[PDB]
Each structure stands twice: as structure tokens, then as C-alpha cells.
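The data below hold one chain only, encoded as C-alpha cells and taken in the form deposited in one PDB entry.
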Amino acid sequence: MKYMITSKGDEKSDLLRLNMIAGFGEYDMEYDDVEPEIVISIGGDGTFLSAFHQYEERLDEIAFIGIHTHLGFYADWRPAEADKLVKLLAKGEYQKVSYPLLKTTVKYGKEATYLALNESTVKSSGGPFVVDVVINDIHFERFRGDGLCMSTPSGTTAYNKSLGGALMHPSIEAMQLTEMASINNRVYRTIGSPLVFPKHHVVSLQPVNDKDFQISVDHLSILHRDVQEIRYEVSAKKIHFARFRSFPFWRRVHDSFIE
């Protein structure tokens, strides 16, 4: 199959990448980063995320694989087992599995769109952060506090977890909204609890006074001036992993957080 490899940039990753390419050359396997069928990410969850954002238009289409070295949540392979992976990919014993993604829409006074693998957060630019939270066109709460976080199911182990969020198995078709430091008084009454929305539900953040926000999708923070609305829904797009065995998710959670 057509394949390509990204590496973190350090010595180890770059060497692994050249060795794996050399090993694929022995097989009916062509390198191609324009239209790849498999993407292999070497380094860690940062280089994986970068690869995901490199190929947002071809997600349909691509099966991702991660290598690195505490595996975390976007890898099931270590450098000392890469040769075994070349062979198994080789021909061809997997195993496609898909995780839900998150779509963010920002409207002004031209609409901008973003796909997240982990989460999207909103904060104030200037002073107070105050926002009306509208669910399916119906007002839910007037939030005042630090910010809000909408997470994918795979994203729930990251920022979402710090904020009091539920940890969700990544197969579940949903997105999850957590508060950052809500005032929660009688003027700005909020739910407190993390909220989990199914497919087709849209959450809308509507400014009450100040219309400037810091929005950050996965890695990247952007300042948005004169925002009329921010919209959240489960994306139509999914991310696909090439799986060679059942991904032991709850075991990873144990190994990461428990220990």
C-alpha cells in the first residue's frame, strides 16, 4: 500500500523512519505522502497530532499508526518492535477502527472551521469571560468564569480530565463540555457537571458583551476578534487506526494515571 512516515525531528525517530522505509522497500509497498493509505507517526502524541492535522482532507482514506516510548493513547508500538510492524503491515493483518472527531465553527461579521482530535477551548481575550450557552438553539446557561472545554472521547484523558471531566472509551460517539472555574452565582447559574452530547447536537457559545476570544484547537491558540458565535458538534469525519490487536484502553488509563 501507499504509506508515509513522520518523525518528531530528533535523532532516534529520524533513524527509525529511514530503517522502516528501507524495510518496506523489500515489500510491495510504495512511499507516498501526497495520497498515503497508511500514515506512521514516530516520536509521540505531539508528532501524531501534527500528522493528523497534515491530512484532514484525506482522513477517509488513511489508517494511522503510532510509535513511541509510555505509549500514551495514540500509539501501540515501540521502536524495538518496528520490524515486526513492517512485516504485519507488509501483508496485511489489521484491523481498522475509528474514533469520533470534533468540529469547531467560528462566525464573525466569513465562517471559519476546525477539526480537533482532542479538544477545543475558549477563553477571554480581555477581561471577564461571559458567554451564553445555547443547546440545539435553546438557551441553557449564562456562563461566567475562565473558559470552556469541548473534548472528543479520545481527548478525555488530556485537558478534559484535569477539569473534572469523565474519561470516555474513545469508541463512544460524543463530545464532552467541561467548565473552567465557573462563578456559579444566582446571576450566572451553571450546571457544574460535565455534559456529554450525542451526534447531531450542537452547542453554541454566544457572547454577551466582549466579543474577543482565545480559541485553541488541539495545539494551536488563535485570537478571534468580533466573534458572533462559536459552534460545537460531533464531526462527520472520523480518524482511523490500523489495529493489529484489540487496543487495551482501560489498561493504558491504569498505566498512565494509577500506575
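In this text, rigid core is short for the largest set of C-alphas that superpose within 1.5 Å between two forms. Positions refer to the first chain, counted from 1. What changes on going to the form deposited in another entry:
- After superposing the rigid core, the C-alpha of residue 80 moves by less than 2 Å between these two forms.
- Put the two forms on the same core and the Cα of residue 225 is off by 2 Å or more between these two forms.
- The Cα shift for residue 185 between these two forms, taken after rigid core superposition, is 2 angstroms or larger.
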Given for the second form:
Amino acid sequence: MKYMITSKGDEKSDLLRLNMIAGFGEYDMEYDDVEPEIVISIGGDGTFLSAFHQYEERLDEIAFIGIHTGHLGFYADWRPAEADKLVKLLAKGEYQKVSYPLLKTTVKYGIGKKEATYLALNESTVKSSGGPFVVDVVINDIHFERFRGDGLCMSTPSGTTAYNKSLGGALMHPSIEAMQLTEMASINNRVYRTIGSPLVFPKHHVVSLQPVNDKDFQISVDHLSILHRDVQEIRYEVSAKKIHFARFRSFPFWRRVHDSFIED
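Having seen the form deposited in one PDB entry, I'd like the form deposited in another entry now, please.
Partners and other molecules have been left off, which leaves just the chain.
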């Protein structure tokens, strides 16, 4: 099948990539980075997020695999010593696919109310450029709170172990089709009030962030920034699209959580 391999870029990852390419050359496997059906990421979770966005337009036709040349990653869940066994089992095929939910981010900007859309595998954040900013939080067209603070983070299930976790959010199993909103240093006194707790939204719920005064701020989607100015709204909802993983053995999410945060 058509495949491609992304590399973190250091000597170790580039070398494993070349050895896997040589291994794939011994089967009916063609290297194609334009229309790959299999995308292998060799590096960390940052390398994997890069591969995801590199092919975010062909998500339904791609199964991702991550190899971690350093420590264990949440998306890179293969050890480099198993690369040959990966090439072998990947060559034959007949593997099962596993799908994780994604986050759709819509940004309304400009005088013409143009709308740009993005997909996030970890999270999308809206953050003040400097100091605190003010944003109205609207849930299914009802005004919920006026947030004053550093920013807000909307995470996917698999993203809950990332930025979301550092903000006090809950860890959610990726079989739950949902999104989680966490606060970044909210102001709470007699006059200003936020819910404080993380909020977990099901499918079809729409969370709208509407900045009040200043209209220029930082919007992130995973490891990058959404470059649009004069923003009037950031809408969040569980995407109808999913990322597909090629799985070859049982590595449960909670064991992955245990291995990455408890002890390995």
C-alpha cells in the first residue's frame, strides 16, 4: 500500500526512517507522500501532531502510526526496536483501525463574516496577547459566563492528557465523543465570576467564544496558530471527522496513561 514516513529530524529518527523504507521495499509497499494510506511518524508527539496536520485533508483515507525514538508518547506508541516487526505486520495488513474524536474550530473574522475552519487532535486555545482579556462564553446560543483571565482551552479526549491536564481538566477515555473546556487563570471576585470547573460537552453542542472589547488575540490549534485578524467568534464543536490509528496489539488508553504519568 502507499505509505510515507515523517521524521523528527535528528540522526536517530532519520536513520530508523531509512531502515524502514528499505524494509518496506521488500513488499508490495510504495512510498507516496502525496496520497499515502499509511502515515508513520518517527519522533515525539510533536512530530505526530505535525503528521496529522500535514494530512488533515485525507483523514478518512489514512491510518496513522507513531514510533517514539525517545520516551513513550501518547500518539507514538511503538518502540524503535519493534520497527522491523512493524514493517512486517504492516506489510501483510489485516490490522484493525481505531478512531479518536476530533475538535472542529470555526473562526468568524472580518467585515464579511468569513469563517475559517480547523481540526484539532489535542486542543484549540484562545489566549490573551498580554495581560487578561474578556470573552463571553455562549453555549447553544445561551450566554453562560463572561470570562476574564488569561485564556480558555478546548480539548479533545486524547488531548485531555496534554494542555488540558495542566489546567486541571479531567482525563477522558477517547471512546467518549466529547470536548472539554478548561480555564486559564480566571479572575473571580465579588464582581467577576466564572464557573471555574472544567466543562465537558457532548456532540452537537456548540460553544461560542465572543471577545468583548479587544478583538485581537492568539488562537492556537495544536502546535500552531490560526492567523486571522478582526475576530468576532470562535465556535467549538465535536467534529464529524475522526483520526484513524492502525493498531497491531492491545495498548489500552489507561495503561498508556499509567505508563506516562504514574511509572514506566
